[PDB]
Amino acid sequence: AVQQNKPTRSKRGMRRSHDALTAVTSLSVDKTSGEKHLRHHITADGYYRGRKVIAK
Amino acid sequence: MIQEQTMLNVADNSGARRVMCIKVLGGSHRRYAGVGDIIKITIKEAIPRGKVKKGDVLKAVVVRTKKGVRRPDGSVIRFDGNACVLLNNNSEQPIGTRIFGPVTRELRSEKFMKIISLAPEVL
Amino acid sequence: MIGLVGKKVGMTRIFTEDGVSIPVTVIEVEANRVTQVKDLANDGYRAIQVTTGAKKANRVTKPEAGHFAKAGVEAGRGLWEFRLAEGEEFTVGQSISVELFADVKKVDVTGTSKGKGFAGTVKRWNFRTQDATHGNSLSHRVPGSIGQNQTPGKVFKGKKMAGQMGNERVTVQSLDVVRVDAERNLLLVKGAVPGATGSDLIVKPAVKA
Amino acid sequence: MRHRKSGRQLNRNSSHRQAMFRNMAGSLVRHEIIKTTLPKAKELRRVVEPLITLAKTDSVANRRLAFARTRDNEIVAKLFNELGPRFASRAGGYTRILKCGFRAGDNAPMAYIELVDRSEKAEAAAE
Amino acid sequence: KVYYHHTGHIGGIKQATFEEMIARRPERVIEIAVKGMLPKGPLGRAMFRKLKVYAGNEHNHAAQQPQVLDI
Amino acid sequence: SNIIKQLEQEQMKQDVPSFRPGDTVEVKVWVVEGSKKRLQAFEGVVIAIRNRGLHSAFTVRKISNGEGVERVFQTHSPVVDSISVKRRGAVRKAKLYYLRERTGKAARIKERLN
RNA sequence: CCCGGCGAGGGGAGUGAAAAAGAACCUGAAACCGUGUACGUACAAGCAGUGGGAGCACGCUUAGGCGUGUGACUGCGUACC
RNA sequence: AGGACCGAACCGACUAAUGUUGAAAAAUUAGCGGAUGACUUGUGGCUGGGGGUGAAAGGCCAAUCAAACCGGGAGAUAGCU
RNA sequence: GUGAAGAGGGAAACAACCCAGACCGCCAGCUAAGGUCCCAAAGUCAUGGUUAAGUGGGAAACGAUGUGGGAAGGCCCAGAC
RNA sequence: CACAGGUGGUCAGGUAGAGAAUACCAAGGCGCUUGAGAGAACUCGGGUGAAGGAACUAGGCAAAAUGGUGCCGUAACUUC
RNA sequence: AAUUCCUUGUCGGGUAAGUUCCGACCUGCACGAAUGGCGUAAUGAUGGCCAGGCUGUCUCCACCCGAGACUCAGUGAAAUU
RNA sequence: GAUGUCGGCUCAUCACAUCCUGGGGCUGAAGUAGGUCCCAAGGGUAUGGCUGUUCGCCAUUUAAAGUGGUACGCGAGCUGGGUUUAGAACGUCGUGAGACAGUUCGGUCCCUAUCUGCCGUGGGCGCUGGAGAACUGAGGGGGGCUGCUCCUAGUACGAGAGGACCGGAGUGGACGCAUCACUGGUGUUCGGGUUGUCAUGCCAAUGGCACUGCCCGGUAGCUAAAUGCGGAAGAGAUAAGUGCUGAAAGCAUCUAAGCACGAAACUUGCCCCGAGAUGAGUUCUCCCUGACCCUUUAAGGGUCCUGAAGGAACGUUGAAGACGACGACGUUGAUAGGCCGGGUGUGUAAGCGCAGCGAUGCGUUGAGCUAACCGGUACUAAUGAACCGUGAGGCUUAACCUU
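Sequences listed follow chains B3, BM, BE, BP, BL and BR, in order. Counted from 1, the first sequence has number 41 at position 41 by the authors' numbering; the numbering is strictly sequential. Counted from 1, the second sequence has number 3 at position 3 by the authors' numbering; the numbering is strictly sequential. Counted from 1, the third sequence has number 151 at position 151 by the authors' numbering; the numbering is strictly sequential. Counted from 1, the fourth sequence has number 75 at position 75 by the authors' numbering; the numbering is strictly sequential. Start counting at 1 in the fifth sequence, then tack on 71, and there's your number in the authors' numbering. Counted from 1, the sixth sequence has number 72 at position 72 by the authors' numbering; the numbering is strictly sequential.
In case anyone wonders, no lab produced these hints; they're calculated from the structure. Just to be clear, a hint being listed does not mean it is correct.
As the list claims (entries may be wrong) - As a list, the in silico DSSO-like pairs of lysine-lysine whose alpha-carbon atoms are at most 27 Å apart:
{"id": "1", "chain 1": "BM", "residue 1": "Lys67", "chain 2": "BR", "residue 2": "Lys37"}
{"id": "2", "chain 1": "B3", "residue 1": "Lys56", "chain 2": "BP", "residue 2": "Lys56"}
{"id": "3", "chain 1": "BE", "residue 1": "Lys157", "chain 2": "BL", "residue 2": "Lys106"}
{"id": "4", "chain 1": "BM", "residue 1": "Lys66", "chain 2": "BR", "residue 2": "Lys105"}
{"id": "5", "chain 1": "BM", "residue 1": "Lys44", "chain 2": "BM", "residue 2": "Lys111"}
{"id": "6", "chain 1": "BM", "residue 1": "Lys111", "chain 2": "BM", "residue 2": "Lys54"}
{"id": "7", "chain 1": "BM", "residue 1": "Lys114", "chain 2": "BR", "residue 2": "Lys105"}
{"id": "8", "chain 1": "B3", "residue 1": "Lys52", "chain 2": "BP", "residue 2": "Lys121"}
Could you build the full structure based on these sequences and the hints that come with them?
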């Protein structure tokens, strides 16, 4: 359907309020490297529970 | 059987060739029955060696279906094609006294004590 | 009267001495474990709580672990409870099984869960495809007119179009027990036990028929 | 529908599924180290390991079978020779996946796969 | 005035009865006598939320001992 | 699920095979049809491999005439009376269609072919 | 001088009377998108306005419901051509 | 041999499923019909709006046709909105 | 008459009805049409008659021993109806 | 418009196949760029279907309904 | 009958049964001899009917795969107001 | 400056003057049956054909084939069939252009939803210190239909033939929910077979591709065509109605006071959603017992010390499902992948023996290959933590606490 008036800018703010993407909290350290990572996941270029990861 | 406008094989001594479903029985609000149903037939063809002539309307029951009838072991015996033995439309039991081709398991209950008792077939 | 929590576990076509053999559903109903048992100040109504399910119980919320600790130990995150007019049992486990289901020869299998997700498959919200006249196109399965007008009642209550199956607990009400079996606790129920295969259920007895 | 079943089906019909696993298992056998999506990385575990298993002992019919699953001269030479006698001292887990992060070309969940005796890395970087 | 509502039916419409109200705690008869005596929407609601009634002559929701009153 | 897939092994009886279907054999069965009980027997070749899923059954093809008559007997129930073993043979595939349109002067198979 | 990728774009530092003149550069509405403060929004609703107003910052209100800006809540109330 | 046929490339579009704020101002997939003929068709040339041109539908004239366009009369006129 | 060409009061409201004629200000009084248990501003008014039906607060034909008052009248404590 | 549309001349390699249908293919073109994952209704293409065989419907509803080549074998009507 | 005011004409036939079809009939619309008539092989992507093959068009729909929907990331309209 | 049509399909919805069972008066009703007949919204209320069709005509199912409304329901649903729809042209008429609801041939129908509803679903907040667990019912809907015959019962009645319900019972038919063992279907993560070409140097052998090339079988899943199956004894308030006691009207009398009985509906019993129920909730189980400065102080601000129980992101992932949420659960780990034992599928893996002068088949080998499934196995990968959550938590009446 079409509309009947021009909508509000208060609406535009309301519709995107419950959509915006999440994150982990706190700047990490790891048990085996001075590298920060995403927590509870492999350090992207260093050691997290032995080994390194990633290519290309 | 499962539908109408459905020709199926004679397996009776009252018509020839094929004979024609005018409706399926055993329930309303549905133009399809399950296996083991009662059909209403009109004879589409007939021959003089069989007892009845065309466009007469009679009752019938299933004697073969290539899906099988749930009656015999818990595992449906699937006999070749759809085929039907005509009944009487009031007085019950087969009007035809023969079957064409082999014997069936579909003729060994209470309603079939006039066709197996004969020596020329299902004996 | 007491509802016994089963598990969907088994399916069997068992023969009977007549010329038909019967498909049946097999329910292990063993270890129904009390840890509370309520009485008639405890939420004001006397009823019995029983627990049947699958949990390691090492990494488990301490408010839950003490619930199990002060009485019968159990596993399972969720627990189920049932009203009664019979003698209530000691709260440190009772593990009562299939034997309850011979004093009635019908059960109400009630379920927990529902196992299909949507059931747009002509099961819970049903359809008929558009029967083809004049060269029909685009819509065949989207409902034609769900309302009426602002005098019949705009769009009426009690209509589904799309959504979810619910994942609630569903009855078939008063379905037959085929057999009860000691020494390994097997319930033969004849069919329509809810959920996907391997899902939990509740099985209470029939109070209606 | 997906109930009482475990495993992943991608966004390909079967002839392409055959081709993509014959591409990727050749890429594993040439490079020894791969990165791919988490759904692929699983199907990459399930494709290669029943072939390693067949391949511990030397069997001409099981070589015919590996060439039936993936058509390649590189792969049937590596198995039963270099990787077969290598993975002979195990009973599974002949490779391990490390959960590497999100894609860099666009966006999808990736996991790295790395043979169970290996711990090497390389990179493309210009910084 | 038997307080019909839309709630989904066939052939008719489903309703609450006056008769239901007595069997499911004594309050509801007393309750839709004082409700209907208050204004509009929002004010009639701000007023309403200050009434309590319950089962009556037996209800625990009186432990305060308020100011006693005969009217 | 902790008693299923075990329950496929339990139903399974010592006659159930792992073969190329097409031994002749004879299926002895009851005539339970109506309120009475006699016997009747069935012979042919079994063209399908039994015991699919939980329960075994015989799918005989008759092969004496050209007509697609397949018959299904449950192996695990008492309605099936007795089970005798006869002449050897092979079909491999669970289907034998070229005999359901014309076949005759034929009954038995005694080798699995060469 | 700082950040960045060879970049884009901006700041600091210095120019100048001015960059609240930084290159589309005159001063600069209104449409336009976002920040920052005050107070407000989870018994809560309609031409969004008028009448009545707890409350909060600032005015000794001459504290007697007021000025200024806002405002829980609510009586009353149908756009313009 | 054939203004016979089935049929590509080469040309068309009866039906059917879809597309229907498309991939595209009828095209697609697939059935279908001309293709040795009143066929298919390149180059160069020619008629200009109630005028051409039409195995004719009152069709076709720059993905448009039962009526192509601009510079002037022109502020056309409207018992009119 | 009113709207058209006028605010307000009352009516579940309205174009148009009834009271009424908007200079403007007034935590002023009075009266209208309309109201007075709460909604909602004022009488569950003082005194008496009657309906059992939410009639009141939805209409006619139409009927009856549904119920009461009133004057004239038949019957009418001698016995009514 | 990197438009599934339209458009003339010359040249003519291999196997299977009725042939320049068509599968694969010598020479060659070329990835016609949303991706990747899930597998809700549903929309569209594609697959596959019990039993019936149009029964759907005004209407067989494209292919999945028919197909090719060799061989045997052949009707009323007919301007032959 | 492409032709019938009435009429789904009347009767026979195929038949789920079939306004239509096929046959006969006239109670005959305004039929009727170049608005041409009657009969006819071939032919038409041409209409209706018939019996048989087959098939998800359908009884009644199930499930598989993929592209949108949906998920994450990107670019990025419109009817309207 | 748009309240826009027939016909077909879909999808509904409400009024009861109910098609029907059900309780009941009457009858010129003996009984059976019907006519007459009131209560009743509770529930089942049929379909294919021709025809664009209403209405028609015809066959038929089921015990059964109802009435009325809805911008003559529903083109911000579908097709676009119908009227010359726009087009000849038949039939018809006028000098003709042009027309015709007689007609035959095919033939352009839009909106991704602003607010509103309807159904499914998440975020955030009050739940009174916090946390996790069960949970009551303020509130509100669903089953709800209806034949058959055994018994009830060949009995009252009637001349005789004949002759019914409630209640128990199984079962058909409609209606609806779940289900995947059975019977089929499918199963692009499993086997074999097979045309063809291309290919592994070549052959014995074997394989990419052609719609998953094609065809049949297929674990686990899902599913209807298949499967299992509710539709309930009882109770109260009652309708129409049999009345008892009784007044208007000396009494009688369903009537005004008063009371037994009287239907699926209604209140329920049976079933299901439910504390946002601000009336803010109960009850079970766990945890937190340190301190000063400052301002408005049932309060908050700053800081040292310090925050448990628990939570969430994250992560492998599901038998949970649009996404989420919900759920197993991160080495205290069987989640998924492999892998082992087994299962179930297919139909004997290359080589060898043997048949076949070859493709290939069969005995060596009930083999080999194999997916989702059952149980084992830590083989593999799910970091050690951090962070949000704090140091016993309002006034006041009533109860208790030395109070």
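Subject >> Given hint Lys105 (chain BR) paired with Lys114 (chain BM) - CA-CA distance at most 27 Å >> reply: violated (32 Å)
Subject >> Holds or violated: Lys44 (chain BM) to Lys111 (chain BM), with C-alpha atoms at most 27 Å apart >> reply: Since the Cα atoms of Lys44 (chain BM) and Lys111 (chain BM) sit roughly 25 Å apart, the hinted pair holds (cutoff 27 Å).
Original post:
Is the straight-line distance between the alpha-carbon of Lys111 (chain BM) and that of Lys54 (chain BM) 27 Å or less?
Top reply: Roughly 25 Å separates the two Cα atoms, so the pair holds.
Original post:
Given the proposed pairing of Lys66 (chain BM) with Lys105 (chain BR), does the C-alpha separation stay at or below 27 Å?
Top reply: Holds: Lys66 (chain BM) and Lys105 (chain BR) sit about 25 Å apart, inside 27 Å.
Original post:
Between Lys157 (chain BE) and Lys106 (chain BL), does the CA-CA distance stay at or below 27 Å?
Top reply: holds (26 Å)
Original post:
Within 27 Å, alpha carbon to alpha carbon, are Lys56 (chain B3) and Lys56 (chain BP)?
Top reply: violated (32 Å)
Original post:
CA of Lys67 (chain BM) to CA of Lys37 (chain BR), is that 27 Å or under?
Top reply: Holds, because 26 Å separates the two Cα atoms, which is no more than 27 Å.
Subject >> Pair hint outcome, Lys52 (chain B3) versus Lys121 (chain BP) [Cα-Cα no greater than 27 Å] >> reply: holds (7 Å)
Checked against the numbered hints above, the structure violates hints 2, 7; every other hint is satisfied.
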